[PDB]
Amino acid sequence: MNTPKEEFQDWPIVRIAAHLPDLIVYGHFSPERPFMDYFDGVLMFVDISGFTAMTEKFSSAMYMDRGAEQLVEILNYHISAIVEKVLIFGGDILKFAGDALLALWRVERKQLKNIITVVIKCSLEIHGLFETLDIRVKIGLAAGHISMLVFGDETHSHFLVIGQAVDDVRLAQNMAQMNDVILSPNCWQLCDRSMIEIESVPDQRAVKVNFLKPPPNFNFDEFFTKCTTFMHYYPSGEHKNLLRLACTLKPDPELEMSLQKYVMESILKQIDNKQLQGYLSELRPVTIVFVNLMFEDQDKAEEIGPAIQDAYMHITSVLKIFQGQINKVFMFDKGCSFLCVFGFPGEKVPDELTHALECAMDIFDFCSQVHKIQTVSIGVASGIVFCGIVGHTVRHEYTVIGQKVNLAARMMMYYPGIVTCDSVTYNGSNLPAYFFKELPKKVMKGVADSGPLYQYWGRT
């Protein structure tokens, strides 16, 4: 009797799970919203400098109208290799945002010290990969208490991580010079200082890794193996040749209903082989609406979670009206940021600019009154942005990359408490000039020369 080969089955549920971390796929938590969970772990925030600049160059005539295809290919070639390392070292990729990603090693408190060594080793191997293409890898690490919030409505779900370790990991990555691995103060306080050799960082308690200095009988493979005891989903035994246990998920309509809620419709269409793969990688003209909600205490999930859910319910209803979409949510700019996009697949519409502005104003008005929201800031920028699936075959997400994405984020940060827009949006909108105010030009982190910027004052 034969024992024939079992071909890998790429069921729709498996394809869906590529878009999500193990934290969600194997989380099986309540469908109630907001939902909050608390745990400890080590975070890694990896950023490829320089793709944002390459993006503009891939629109040029030398690319012969295949810029989007070339961009995604070269980006994914590099990001795939970073994803593989993270996964092989036992991490869970939580999210991609542009040319960066955030990974988590969730463990019990007693295991943080050892897992920090694992993650540093991983980081140094990732630093390794690229001595190549004007691009640099910067890595920030943090460790400690982490909260997760899941929010949404009956057909859409989103999650976010919250807390000091989350803020620290982004602060650490922002200090990295072009190839550094930076540890947060708490990470450094919890790590095995007898093996990790660091330099200090000016006016900073975070530190920079120089190298690992193992002791005499230390063997990293044996050490790693001990650490895998604490890794619930590390592929093993018959499945040790897989990059994710998620590749083995089996059809289950209840689970698939739950997971799909995290994924946008247009991506589900592709998964379901109802649209040609070529069409989700595009350089398309869009308007970014980058919404920031600041709270008194941005580390306190039980406080901020209800407020986020409240804001989300309104945000989603006005985006529906004005035809925009939430691409990503994350803690960023000392609060909760929503990266919204006007002109994604299926929503390229005339009067997009006007709509983006009216939507921004509405969200500003509403969110300003959610009582625990202290300040709302919204940046609106329009231009050609890369929209597509970034990552590895086994772990990837739809994201946006572009100078206008960065501009909208910087506007929102440098002009708090108001709705701002760039010149393209201003000049292209239907709206009368006196609905706007031309603003003082501010020198902004990583922004060459936006032309004039404006406040959208509204019909007031």
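Take the two forms, superpose them, and find the largest set of C-alpha atoms that agree within 1.5 Å; that set is the rigid core. Residues that one form lacks are left out of the comparison. Positions refer to the first chain, counted from 1. First, how it differs from the form deposited in another entry.
- Just one of the listed positions, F295, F364, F151, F332, moves its Cα by at least 2 Å between the two forms when the rigid core is held fixed, and it is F332.
- Once both forms are overlaid on the rigid core, the distance between the two CA positions of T52 between the two forms is 2 angstroms or more.
- Core-superposed difference between the two forms: segments of three or more residues with every CA shifted 2 Å or more are 7-9, 49-53, 133-136, 297-300, 332-334.
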Contents of the next structure:
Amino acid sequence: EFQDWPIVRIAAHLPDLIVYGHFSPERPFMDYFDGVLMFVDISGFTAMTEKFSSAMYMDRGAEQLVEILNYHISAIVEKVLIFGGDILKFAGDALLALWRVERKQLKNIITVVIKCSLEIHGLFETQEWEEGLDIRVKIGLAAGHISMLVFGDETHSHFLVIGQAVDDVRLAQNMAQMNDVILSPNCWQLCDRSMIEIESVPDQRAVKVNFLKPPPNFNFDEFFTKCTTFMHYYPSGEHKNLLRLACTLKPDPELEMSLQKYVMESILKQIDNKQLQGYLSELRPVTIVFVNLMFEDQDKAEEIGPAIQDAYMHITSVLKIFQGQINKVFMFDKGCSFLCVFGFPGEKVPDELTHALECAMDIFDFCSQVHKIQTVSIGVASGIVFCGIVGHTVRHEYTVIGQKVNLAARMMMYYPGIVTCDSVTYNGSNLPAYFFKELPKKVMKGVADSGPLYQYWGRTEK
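Show the same protein again, this time as the form deposited in another entry rather than the form deposited in one PDB entry.
A lone chain is what you will see next.
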């Protein structure tokens, strides 16, 4: 069976949530369901990202990083997919996975997901990044109600999952230390407590899994097989040994037209074999523009959707003018964030810095006027970042990785309500100093040395 069609290669960059969705053209589109989420990231990774920018790697740092990273990430992806999960998105060394099911099956599927988690940790026992640098992961799990949101224009689509279960899994994963599996309180409340031995987590209602102790007659393989009854797209029969049903997609112009809107043009070029398959693995100077839109705690997903759509329509028009791209969109704790980037796949202009600032101020001014958006915050950082397609052959995404990505991310959270930029952006800009304000230096998680940070005040006093 031939399976290397363009539609199949495109679907590798998307979850089943999208590939097998059958929703309208309206934007925003919103749908609601229940499921279990897994958030996982890798330990000792940014330690490696720094090593690979070193002259040691003789101009093949990006190639070596993507290789070792995909060696480990693809093993996680295989485990998730074998256990029936849907990988929603990748970001650097992290990924979010979904087991969507009806409420009645949540209990049994949580047990499936915990077993998956423990087998993921089993991969990284007796394993190291380097001589003397261990590789481990941290897993948070949550369960409950989940809302999906799709937004975009006629040519581009983006999607998110939203709600307390999403917020819950983010929080659970941040408590997790190396080798931990942390369950949200609602997950613990819904799970088969007859079978999961947990321990308290100080000052928190979330719990840590210690052991899966099933009854004496329990057989996991038979239990799992029964659970697959509720998995619409689990590969089966003649396709028993495929990792994804998406692998079997056949040409369908209408379907491909909708799927390609989720994928960046330079990726599509590679899918069409009009660009070398290694072009996108690179250590590249870029400017990161990390936009955060904050809503109110009581805001419902059905008011949030229209506001993200309106904001997105202006964000994409500004980025088009200033020649930037949306690399990722995320949401948790009532904040929807856009990871925008200037200067990757051939999108290199000399005034990159002035255009990133002016573009940021434009996005700020417009989004501050959108009805339900309570606060806008934008962090701008410039420097060398890793770019590449991360994941497994059958499920992967283009992603950017680096200190400057993390810095822009922390700037928009620690300096809310304004536009901030780093020292590289400030000095390199073709703008005078009174357009800026030098800021207080705040200690920020995961950023050892900020360097001087500035607010982009604007051209006027007012």
